[PDB]
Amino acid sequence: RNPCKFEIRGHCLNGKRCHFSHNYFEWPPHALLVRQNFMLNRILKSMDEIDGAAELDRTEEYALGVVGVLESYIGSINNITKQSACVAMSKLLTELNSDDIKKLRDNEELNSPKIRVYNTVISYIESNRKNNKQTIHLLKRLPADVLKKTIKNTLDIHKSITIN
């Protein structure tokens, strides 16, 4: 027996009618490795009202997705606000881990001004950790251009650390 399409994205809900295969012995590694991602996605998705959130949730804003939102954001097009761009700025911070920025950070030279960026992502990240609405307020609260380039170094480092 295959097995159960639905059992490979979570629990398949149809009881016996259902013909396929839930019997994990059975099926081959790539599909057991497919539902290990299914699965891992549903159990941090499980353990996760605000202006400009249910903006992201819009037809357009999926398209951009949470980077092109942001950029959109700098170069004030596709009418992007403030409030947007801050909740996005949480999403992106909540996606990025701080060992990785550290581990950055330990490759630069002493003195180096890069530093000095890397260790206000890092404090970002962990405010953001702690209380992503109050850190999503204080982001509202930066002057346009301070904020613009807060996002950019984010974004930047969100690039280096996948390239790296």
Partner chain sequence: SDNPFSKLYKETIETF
Second form
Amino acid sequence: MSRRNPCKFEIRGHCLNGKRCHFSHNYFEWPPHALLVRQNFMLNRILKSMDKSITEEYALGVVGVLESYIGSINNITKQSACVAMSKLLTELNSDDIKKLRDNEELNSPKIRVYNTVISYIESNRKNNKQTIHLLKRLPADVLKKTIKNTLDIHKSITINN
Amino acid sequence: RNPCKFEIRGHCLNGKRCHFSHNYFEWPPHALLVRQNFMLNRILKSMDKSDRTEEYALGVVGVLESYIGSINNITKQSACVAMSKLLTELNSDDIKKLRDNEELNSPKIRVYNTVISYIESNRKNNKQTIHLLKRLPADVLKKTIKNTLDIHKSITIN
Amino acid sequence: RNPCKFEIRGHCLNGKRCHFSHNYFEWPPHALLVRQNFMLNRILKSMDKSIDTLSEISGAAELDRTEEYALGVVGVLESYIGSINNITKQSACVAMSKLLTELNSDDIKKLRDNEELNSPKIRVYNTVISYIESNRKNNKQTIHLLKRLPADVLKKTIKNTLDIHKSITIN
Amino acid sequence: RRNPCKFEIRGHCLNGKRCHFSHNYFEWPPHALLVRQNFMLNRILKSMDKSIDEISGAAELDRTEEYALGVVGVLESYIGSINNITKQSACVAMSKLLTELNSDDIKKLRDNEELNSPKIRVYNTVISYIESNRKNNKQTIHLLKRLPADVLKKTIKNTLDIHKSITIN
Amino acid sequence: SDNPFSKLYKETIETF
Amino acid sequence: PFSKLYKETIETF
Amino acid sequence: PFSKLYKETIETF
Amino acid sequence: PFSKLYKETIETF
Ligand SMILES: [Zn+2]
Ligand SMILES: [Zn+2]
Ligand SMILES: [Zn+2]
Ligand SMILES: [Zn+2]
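Could I have the structure of this protein in the form deposited with the partner chain bound, to go alongside the form solved without the partner chain above?
Every chain and every other molecule in the complex is listed next, the one we just looked at coming first.
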């Protein structure tokens, strides 16, 4: 079905150069890798398109911001850390924490930690604004221990299951 | 330079600190395949309207299969929350394909239309569906569940 | 381990009881490709809006019936045009709405652009494109409009959209 | 059994039982499934977009080389004052470019600039045009509308530049 | 007075 | 608006 | 409600 | 508001 060279703009989304584009916009003739890359870019779009949540802190990442808050460095405000923590909750999946939770021996202290993080992930899923309201109310040592344990879990899930 | 493991699951939150690749052009195809599965699961979960470890072990199926034979701490108020989830896993189209194979006036057609309407109604409003499933006579609820479970089993096993 | 069949169609519901693989990293590509398809199908129904608010519209429930499931939307619409199979006007308007949800304006515009600047097809294409777009903003209002159309005019609107449907698809 | 439907590859087959082709993804080659996903993704997204409407029926008022041109052509042609483009219709295409852009890619561009570099302010403006357009695109269009000729022309010019930058490399 | 959940109640009874 | 489309549909077809 | 979760968070950390 | 953006644009181009 005649393999041609895919349009780079089409790979990233939708080509906007009208008919003056001399590239393939027809998927039937795309190598499979072009088609895999495009889907990832599109999924990102579909996901940002369902969001009505809301300087150089960008260099830090959501993770760097939160570690800074915990480590009392870089002057991270409580509000900015609740906001980032909501971004981190959004990234996790209860179902994963549940399988971690299931490995724990009966009456392990880590079990209660896991259930509370699930409550935040779920609470953050229904109303992230109200969840940020909550994270702001927490005592600052309690907020730092909470963040800490979620980054622990985040790092833990990602590297192996 | 390998795909960022955090990126495969979603979005990397490590900022400029990250050593790994975030550029989908340079990824092996399998990374890209795995990533779209995480991403699709996420897109789905966030269009939803939603010990407790013993229940998780069983699974929604385990939980429902219990309540049918009245054991393993099986309850109504919970069996209905399980039922709700089962129905979310099902869609109408498969039931219709099953419905198209029954001869005329064959009684299964009526169960199929009831399940279908349970699916559709579960999609409008899971709470009022659970409210309704929690309102049924135990023996009749156990029959609805029994039947939906069968339907669920057989769609997959071929 | 082999991928879990249930999981290929969505999400396993069997707990630890299940002997199959739920770990996407140890899956063949093909299982990963099929799953992404069942999953897209599910996503599209939930955000489908019109695919859910149709409980409340007349002529809709008849499309869910045995005889018409076998026909499909296209069959239902051909039967309306053809005056076989006893199809209510209000059913073929709902079916019509379903056919338009399935088409993409930009395919018509590329068909539109191949035409000459005297082709009578250009007017039909632009009317069709305007149905696809209206139906996307507001299909209740579009189903309503469809139903006001004189039967003969409506049947022509359907016949042209069916033809367009085909030309886009096989070539 | 059979080949992939081809009505299914593009979305969902509507031919019901009469169709002889395969609707069963298990028996489909990988490429077909890849193509389907692409068509299906394009639809999902389109269904979340707020239509900027049935303004194709308005080819009565005679401005119809907006397809051959494309959004970029139209924007480029509004800028160098050629091909008669209404401010109003170039505000429209502008909104279509900003939908096409990702804020995160721009944020990445902003890193590679020195501090106090005047581009940081442009990137940041571009970014919140992207952010504004994602929510309310009538207003963003009606804002771009109430923007002086030479401000609008400039804004777009840097948006196209960035747009090009990001893709080619 | 007719809601979908109450017809579906009676629907389930008449069927099972 | 939708009246506009009714018009053009009759004028076509 | 969200106080349910605050009560809990205090306890676990 | 959109007000702040109107200013921001004008100032920057
Ligand atoms: Zn192109
Ligand atoms: Zn990374
Ligand atoms: Zn399984
Ligand atoms: Zn087919």
